[PDB]
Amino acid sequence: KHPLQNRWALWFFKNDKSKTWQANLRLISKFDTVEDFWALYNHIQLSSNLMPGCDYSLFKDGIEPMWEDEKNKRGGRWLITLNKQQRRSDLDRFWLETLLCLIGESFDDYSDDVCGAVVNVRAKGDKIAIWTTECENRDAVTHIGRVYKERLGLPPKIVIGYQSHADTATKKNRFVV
């Protein structure tokens, strides 16, 4: 089989309320091969079919998909927001293209600053984001944002923003692209 440069882990989140946020996170599977990635993707529910209040997260092995993880606490995220009416037309395409960015190490020189990606399915609107390790590394953050924006094919006129997890936790953009 053909190996990937990193081992990745898929996590699932289900909003409960009678549970603490951390207790609602569940590790689903791990893979480090091209064949194993496709085996997972071809046999698990699509993001567009998840119930409102759930999330899928793909993070490098060893990094939990939460602000508290050492590799995320000083970091932040590039955020993509979508309307509820775009669930069946763009959500799945955006998520898969995002996954291929991660697994295919599309950020080259700054690959070590990437922690993972998260897709949130909500009644008000869906969100997809790429999490990075340091919200102060301007060159790294800016590079990832530009590469990501181009890959998704977003019209060069609709700017996306980068938010530090610290700011998100204390409810806005450190950078825009």
The other form holds:
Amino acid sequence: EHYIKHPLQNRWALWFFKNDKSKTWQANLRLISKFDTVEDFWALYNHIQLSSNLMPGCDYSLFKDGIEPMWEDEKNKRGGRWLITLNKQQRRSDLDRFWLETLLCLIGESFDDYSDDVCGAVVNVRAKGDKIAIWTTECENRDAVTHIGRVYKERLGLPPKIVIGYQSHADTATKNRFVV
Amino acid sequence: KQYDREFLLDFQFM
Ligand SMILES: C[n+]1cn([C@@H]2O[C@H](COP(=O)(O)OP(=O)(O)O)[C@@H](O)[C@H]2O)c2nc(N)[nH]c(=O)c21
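Given the form deposited without its partner chain, corresponding form deposited with its partner chain bound:
Then the entire complex follows, led off by the chain already shown.
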């Protein structure tokens, strides 16, 4: 009853980006591992550097197998992302709680009917505040983007007075198409 | 195959 593994709906790949000024952005970009069970997810997560312990300029990306963590990818080019910008913390370490929660929404297929629209999530650790975002395939699918948004905010425990925004990738490349 | 947050967390340290 707990000896058998619990398979996820999708196979996910964890990517890591090291901001080493030696080779194109799409270079320091590396795939760390893939997993398709709850057990294997934890075996990876419990054994990799916490986001709060990553140095400035690095990112972690959890994306569905077959979707590279880049705007240009076929599943991201017409899509966008729900973006949360966070303050840096000399203590607290809340960045880890937010990222893990995000990971749980992705692997647990928390977006029901619209989990297929989800492409992945990215956490950027930067000197001026960190960022967490959930990428989706079509920035046009209003119902899907919007549902994913509401569920996510709730899951992050964000209050009614806060609101978060969704920006198209084509826009981030060149405001929010949605807000929840 | 969906999974509740609480369910997923029960597997982190077993
Ligand atoms: C997510 N992303 C970021 N970049 C490049 O990375 C730079 C850094 O953007 P960022 O890492 O998303 O946040 P930051 O500004 O706080 O560092 C962007 O200005 C682009 O030049 C990207 N460049 C490509 N080609 N594809 C991507 O998906 C992509």
